[PDB]
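The chain that follows stands alone, in the form solved without the ligand, written as structure tokens.
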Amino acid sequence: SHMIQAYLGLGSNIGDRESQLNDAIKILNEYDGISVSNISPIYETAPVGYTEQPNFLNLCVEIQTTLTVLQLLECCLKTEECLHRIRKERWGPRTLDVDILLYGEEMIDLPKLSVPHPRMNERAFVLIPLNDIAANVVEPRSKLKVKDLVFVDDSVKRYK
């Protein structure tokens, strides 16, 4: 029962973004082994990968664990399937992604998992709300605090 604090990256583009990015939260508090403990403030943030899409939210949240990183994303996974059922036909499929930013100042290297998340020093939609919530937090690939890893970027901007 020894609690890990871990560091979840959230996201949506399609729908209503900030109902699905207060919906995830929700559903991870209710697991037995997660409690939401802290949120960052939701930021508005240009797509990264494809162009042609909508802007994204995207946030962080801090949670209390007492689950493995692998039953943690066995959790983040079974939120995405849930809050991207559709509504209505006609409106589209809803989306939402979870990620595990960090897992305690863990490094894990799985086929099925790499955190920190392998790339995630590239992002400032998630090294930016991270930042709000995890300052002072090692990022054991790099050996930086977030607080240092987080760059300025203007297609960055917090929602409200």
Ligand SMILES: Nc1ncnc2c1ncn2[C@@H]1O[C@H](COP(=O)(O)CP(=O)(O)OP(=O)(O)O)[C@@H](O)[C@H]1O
The other form holds:
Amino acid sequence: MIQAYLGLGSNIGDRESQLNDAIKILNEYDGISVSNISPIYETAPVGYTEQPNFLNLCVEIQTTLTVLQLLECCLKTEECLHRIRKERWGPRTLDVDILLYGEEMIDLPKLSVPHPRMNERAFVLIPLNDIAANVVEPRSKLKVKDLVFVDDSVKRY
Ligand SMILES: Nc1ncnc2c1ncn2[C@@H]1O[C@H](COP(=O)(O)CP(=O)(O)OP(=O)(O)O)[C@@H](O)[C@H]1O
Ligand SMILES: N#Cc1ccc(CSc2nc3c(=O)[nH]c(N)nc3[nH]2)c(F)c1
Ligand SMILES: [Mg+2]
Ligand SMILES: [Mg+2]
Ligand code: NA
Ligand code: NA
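Switching forms now, from the form solved without the ligand to the form solved in complex with the ligand, please provide the structure.
Expanding to the full complex; the earlier chain stays at the top.
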């Protein structure tokens, strides 16, 4: 059993309902057990043009799947929630990202863990710190509570 952390986001449709459905579906896979769920945050989009605000949260899982098995389950969940993949990025019903997988570091074409952008993302670290404050991010070797920073664009929903 490995403790892993997922980052979930939604910015189109009924965001809260889609996040809750996603969690339920994730927990229904064998090999994945959801053991904790952060509060939901409303967050301003980063890395792109002006876009609808996200609802974001983090989930703790206990898993017996390999990291690529886990990735398959995360992407299947997005398909369940009808995520659209157009030529250009845009709003999404659901995004399920693998943030941490034990203290492992994986660098494959299809998979990078820890997530390559998490240490500079308040929409990850704020909810992650709610459920994983003492977990070590293995590249920095810092605990999540030592990475997290104040950011007013992330607000409790
Ligand atoms: N840690 C990770 N979690 C999820 N997918 C990952 C991943 N590392 C690499 N990927 C790959 O990223 C591919 C594209 O996924 P998208 O969800 O479209 C990226 P995104 O989540 O919108 O951006 P982000 O990675 O900046 O958060 C997936 O098909 C998967 O192979
Ligand atoms: N429409 C949209 C859209 C916005 C940003 C990116 C770039 S990645 C990304 N994901 C998140 C997330 O979940 N929350 C927040 N707040 N910002 C994020 N940026 C994108 F591809 C598409
Ligand atoms: Mg993703
Ligand atoms: Mg993402
Ligand atoms: Na399960
Ligand atoms: Na790589």
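Positions refer to the first chain, counted from 1. Between two forms, the rigid core is the largest collection of C-alphas that superpose within 1.5 Å.
Q: Under a superposition restricted to the rigid core, does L77 display a Cα displacement of 2 angstroms or more between the two forms?
A: For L77, whose C-alpha is compared between the two forms after core superposition, the shift is less than 2 Å.
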